[PDB]
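Shown here is one chain on its own, the form deposited in one PDB entry, set out as structure tokens.
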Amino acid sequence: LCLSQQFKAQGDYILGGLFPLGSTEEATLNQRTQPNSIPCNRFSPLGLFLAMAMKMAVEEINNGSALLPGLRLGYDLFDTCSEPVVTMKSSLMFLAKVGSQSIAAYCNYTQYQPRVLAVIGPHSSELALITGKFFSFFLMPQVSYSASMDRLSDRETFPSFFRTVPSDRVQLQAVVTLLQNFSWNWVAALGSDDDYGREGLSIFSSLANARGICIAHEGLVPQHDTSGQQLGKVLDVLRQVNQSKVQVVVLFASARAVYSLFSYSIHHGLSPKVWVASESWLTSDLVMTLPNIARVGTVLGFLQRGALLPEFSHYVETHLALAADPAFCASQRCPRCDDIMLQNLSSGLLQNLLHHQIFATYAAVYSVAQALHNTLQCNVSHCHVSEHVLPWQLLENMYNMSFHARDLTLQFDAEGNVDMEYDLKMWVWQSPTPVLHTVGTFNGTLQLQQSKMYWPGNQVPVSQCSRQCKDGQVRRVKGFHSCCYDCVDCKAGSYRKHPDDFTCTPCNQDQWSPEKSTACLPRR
């Protein structure tokens, strides 16, 4: 197929795109020693589907006069290659003057005139951080469909970054509300060693401490399975989870880390626990393949509630068919992409669950288009055509808008995030295959269909700790922070000298003390 040629289109204004259209095997990741080019080794269907979503959105906008009436909107899509060097090359190309092959080191944004109006940003949060920092200097407005790390919310370092997916903080606030509802006061917090997991643990540990949720253990699990230190570390994490007597574990970890942890947990025969999931695991590109999932004990977590695109699959198939026809072609950015036929992109891939990111890409295109529609002060059928909009001019309107996806209004807030609802999904194993069931919703408030909750047995799990002790007891602090206590009962022959952590004192010889008593007593 002549498919990679479909990544560029002319127009009055042009949108840049960064997508995971290709990748490489691990053998390439050695230290760079000479500044040569990096080859396109491996194809990626996810990037192709997201690029198709952007193409579809722009095609719709060019058909329907509701936005940018009389204007033509173009696009220019590039592969990230999941590589910062290639991503930086593409980012630099976006910012160069049209027709030129170079960029000028001017001191401030007003002197530039880049060839694209906005950039629909990369898939991963790492490239989002990098390219957001770079783009902010030029005030190039960047909308990401996938990058959820909350560090990007900072308007000081990211004054021009937007996204059509909520940040991790909202998901973790939903999780904290879930723990608060079931009175799970005593929990263990785990995260992946990647920045995703470290920032997730930071956010959750900040949110839980404010609401009286006591974290028994806070730890990181590795991404890899290639050194004995990692086996020892997962064994130690299992030891920590066991010794703390926790029954509910929050696991804000990537799918590879969860796969490692769960495989080793099955290997070591860990007893059932409640596991509170995160989206990147819960959507399970990898984890749900494990043979013995049902022994892990219970899986539960929140998931996005965005709209759906019924026509996307037929659009993809239609344009692949068009790319297969030489009579159409008579009318690279990823050389491996041309080797792909329809059967390699079977509908079974699209019927899985990728809907969230595809819709987010569609909505990002629509957000940029609506912002431009506002900046040009468009009427019905007419626009302020007498001037050419620069990106920093679009940025002014992009903060103060509402835009329509398919039957869904969205708005960028003061920190560039959208507001969205969530479903609460519980894994059901009574079916012959693990399947997600909706058991509640979150929209800033948590609604639970508790009559539908699939707990094991006729009981709801519990994990709790004492916030204060009784008078006839001695305190003892526990937890990653000294937040809660376990209680000691003073046995006969000893007394609670202080109403405090101080251990019970042995009884005075000429006296005696019964159980739980606070003082020595004459034996007569």
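Basically, rigid core = biggest C-alpha set you can superpose within 1.5 Å across the two forms. Numbering follows the first chain given and starts at 1. First, how it differs from the form deposited in another entry.
The one residue among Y399, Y315, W429, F134 whose Cα position changes by 2 Å or more between these two forms, with the core held fixed by superposition, is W429. In the core-superposed comparison between these two forms, the C-alpha atom of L67 has shifted by less than 2 angstroms. Superposition of the core reveals a Cα shift of less than 2 Å for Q377 between these two forms. Relative to the superposed core, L300 undergoes a Cα shift of 2 Å or more between these two forms.
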Contents of the next structure:
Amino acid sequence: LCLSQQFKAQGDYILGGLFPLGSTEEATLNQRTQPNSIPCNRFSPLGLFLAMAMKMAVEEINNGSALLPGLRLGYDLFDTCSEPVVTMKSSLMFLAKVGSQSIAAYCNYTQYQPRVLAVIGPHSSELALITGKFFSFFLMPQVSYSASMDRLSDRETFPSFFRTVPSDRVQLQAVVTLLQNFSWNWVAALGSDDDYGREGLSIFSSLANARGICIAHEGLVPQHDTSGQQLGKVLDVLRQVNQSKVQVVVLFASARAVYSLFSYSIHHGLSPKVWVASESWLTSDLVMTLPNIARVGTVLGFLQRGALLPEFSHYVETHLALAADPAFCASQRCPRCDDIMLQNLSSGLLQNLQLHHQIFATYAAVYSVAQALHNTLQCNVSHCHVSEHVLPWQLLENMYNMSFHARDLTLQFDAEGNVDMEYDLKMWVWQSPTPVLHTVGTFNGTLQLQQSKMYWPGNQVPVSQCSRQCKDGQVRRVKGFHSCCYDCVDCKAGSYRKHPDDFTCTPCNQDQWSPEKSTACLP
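Would you mind generating the form deposited in another entry now that we have the form deposited in one PDB entry?
Nothing else is written out below except the one chain.
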């Protein structure tokens, strides 16, 4: 197939792309000793679909006059290879001079032309940091279709990074709004023992403390069942949560980790609880394999929503069919993309893909740059002011304030580079033999619940409040992983409570006596 030739197209302006379009074997993970080129000979399917989404977006923009009339938008794509070195090589290539394979170390750049207008950024947060600290020096606008880690919103260190997906902070703001709205003021938190779970805990604890939610217990869970160090902790946290008298718990982890814990519980009869799920766990297929999951109790979570593309599969298959025609040549980046055949790349793969929204985000990304160019040229309905060739920093000047369209959905970047898009709230029904992720509300900045659709196991609203106030006659005995809440103790007879802002009861004198809960002693 002619596939790898199709990843480069001419035009007046050119977009760069970094995709997980290749990879390398385990044998290549050694410490390097000579700066040879990396053998990215290990093919990957997901990057191909994301790159085809980008190609389709550019084709739409080039066909319709609605954007950039009278000029052509081009591109050439590189694979990240999930490797920092290859990603850096490609990023260095993007900033080379037009018509040359070299980059200048000048003192100033007032008339310097890099060979691309914008870069559609890498698939992972690690590479997003690594490359954002480089592109933003040249003020090259980089638009990432999937990098949700919080740190990249910092405008001080990343003055030119943008993304078409919400950050983790948005998801956890939705979670905290849910906790606030049902007055679940006293909760526990778990995270997987990887960077994802630790960062989830780091964000959630800060947000909860900021909004007056009190964390009873923080812990972590393994996503494996292979060592004593994992087994011991995964049972330990199960003991500790019960001892804390908590009823609501938040888990920020991958599916295996959570159901591993549940499975252990299912063995030894854990009590029911309310569990709040990250979408990486809420995806139900492999978890519903548990034969008695009804013992767990209610599970809730938020899921991203967006207008999926209605015709992407037909486009992919059509252009693969075109790539198979040997005459199509009349019309390396990947050692093997030319040989992976249509049959194994058939619709089954993209139907298995729940990451369909990342196909949208890659599509939306392109438009965000295209619109930004359309604004920067101040184009008419049928004219553009092409008298001068635009440079990336002039594009950057125009992106923080724009609005753009992606099919039915409409989007804007905010002042720290994120787009704002809504979430569904879904409850995990197991009662029917066929389980259901039933929608019960939405988050669009405010949690529009739909109460009548809620399921509870006993038809009762769970409650997990804690006493942040106590009576005049009660001692405020502090508790919590942070000292945010109290459990009230009645002041015993024979002692006096003093004024309620003090924290300890004291014995009465010999000639005095006091009943229970008294502030002061009687004679």
